[PDB]
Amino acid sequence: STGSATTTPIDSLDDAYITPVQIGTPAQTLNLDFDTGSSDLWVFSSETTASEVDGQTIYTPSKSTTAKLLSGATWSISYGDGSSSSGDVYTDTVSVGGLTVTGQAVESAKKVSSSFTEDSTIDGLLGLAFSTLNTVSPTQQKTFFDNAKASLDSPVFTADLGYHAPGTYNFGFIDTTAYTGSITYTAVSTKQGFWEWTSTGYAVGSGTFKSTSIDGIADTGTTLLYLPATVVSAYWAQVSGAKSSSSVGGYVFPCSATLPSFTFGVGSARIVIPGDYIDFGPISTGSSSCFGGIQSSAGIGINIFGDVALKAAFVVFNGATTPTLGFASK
């Protein structure tokens, strides 16, 4: 089997991407944030505290003839941005782009933190990291990809995120029309539960490539590119007037600037992020200070190849017995 679904930016900055997902019988379609940095499929629901729902579409398990309470199971997750959610668990039929999994754990939120409530466009998350990170207790549950894998034509999914435009998540096949050149594959460590890999270096604009190992994660659920402070300083030093602002929370730059590109290495191959992809717009409405799309990871503990980086590439998440990642230009 295969599946193919369009993913759409939630706003004009590409802060996140939403993908329609069919849950239950008859189908209830919710727009989920596909997150290769986590491993829980959770939704706003008829069980979510009413004051914490503000415009999201909810899953109502009582209206699904295939929903079953997973008795005794609870979940609770905290994300790198400080947001969180928790609740109980049903199993139900879940379909993405024509690919159907029966018995998928659908984690129903009883509580969500304010950032989720405040984002009316995201109805939940669909985790695509390794199932060892799934938070369901006392019986850990499998991701949608893990449940689908054996049925897929090939044990892979691909992320093709757009810049200021829709893109595609495919399951079970690699669309050879969706990229240019060849796909370069690179090793993955699953020891932390992430799609963790080592970039071979970077360049700023037309500058020379610096060969240096940068361990990080391919994370579709993180907006920006978070890299070591040395790398980030080298980038922003090429932008007149750019500075790190403790009050804003990262590097800012004059909105009048033209940003240089940023290149990252994948083995001997190179992915070029155009400068425009690094512009996240005014820090507040009407400001002439703009927020940068490349930020330091120093306070995170891990480097994160988020959407800024991934949207410059066609990305293969290869879930073979030994997982690997593939990157191609497009």
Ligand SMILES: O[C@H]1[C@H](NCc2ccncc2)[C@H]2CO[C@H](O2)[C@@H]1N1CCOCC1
Given for the second form:
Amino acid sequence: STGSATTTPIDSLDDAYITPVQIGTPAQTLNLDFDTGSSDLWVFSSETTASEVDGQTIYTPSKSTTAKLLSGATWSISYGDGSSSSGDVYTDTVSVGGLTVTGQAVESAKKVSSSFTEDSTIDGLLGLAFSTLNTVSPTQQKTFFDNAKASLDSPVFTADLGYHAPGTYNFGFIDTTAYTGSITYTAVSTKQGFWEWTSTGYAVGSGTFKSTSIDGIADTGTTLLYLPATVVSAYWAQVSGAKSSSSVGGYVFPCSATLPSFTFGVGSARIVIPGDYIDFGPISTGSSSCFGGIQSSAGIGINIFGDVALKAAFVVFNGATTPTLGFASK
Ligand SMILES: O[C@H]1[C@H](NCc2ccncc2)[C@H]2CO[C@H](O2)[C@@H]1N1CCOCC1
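Output block for the form deposited with this ligand bound, input the form deposited without this ligand:
Then the entire complex follows, led off by the chain already shown.
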């Protein structure tokens, strides 16, 4: 089997991407944030505190003839931005772009933090990291990809995120027309439950390439590119007037500046992030100070190849017995 679904930026800045997901019988279609940095499928629901729902489409398990309450199961998750959600668990039928999993754990939110409430375009998350990170207690549950893997033509999924444009998540096959050149594969550590890999280095603009190992995770659920302070300083040094602002919470730059590209290494291969991918617009409405899309990972404790990086590539998440990651230019 295979599945294929279009993923869409939620706003003009590509702050996140949503992908339609069918849940239950008859189908309830929710637009979910596919997140390769976490492993819970959770949704706004009929059980979510009314004051915490503001525009989202909700899952109503009582209207799904295939929904079954998972007795005694609860979940609670917190993300790197301080956001959180929690609730109980159903199993139900879940389909993504024609690919169907029966008995998928669907985690129904009773509570969500304010940042989720405020984001009307995101109806929940679909985690695609390794199932070891799933928060369902007292019995941990499997991700959608884990549940589908054995039925797929090939045990893989691919992320093809667009810059200010639609993109695609495919399951079970590699679309050889979606990229240029070759896919370079690189080793993955699953020891922290992430798609964790080691970049071979970087370049800033037309600068010489610096060979240096950068360990980080491929995370579709993070907007920006988070890299070591040394690297990030080297990047913003090439932008006149850029500086790190504590008040704003990172590097900002004059909106009139021309941003240099940023290149990261995958083995001997190179992925080039165009400069305008790194522009996240005025820090507040009407400001001529803009927020940078490359930021220091010093506070986070881990390097994150988020959407800013991933949308510059066609990315293969290979879930073979020994998982690997593939990157191609596009
Ligand atoms: O990018 C954010 C994510 N929200 C993106 C977002 C979604 C929707 N609208 C705006 C932003 C969530 C998931 O992991 C973190 O929090 C991630 N960062 C990690 C390190 O820097 C701090 C936060």
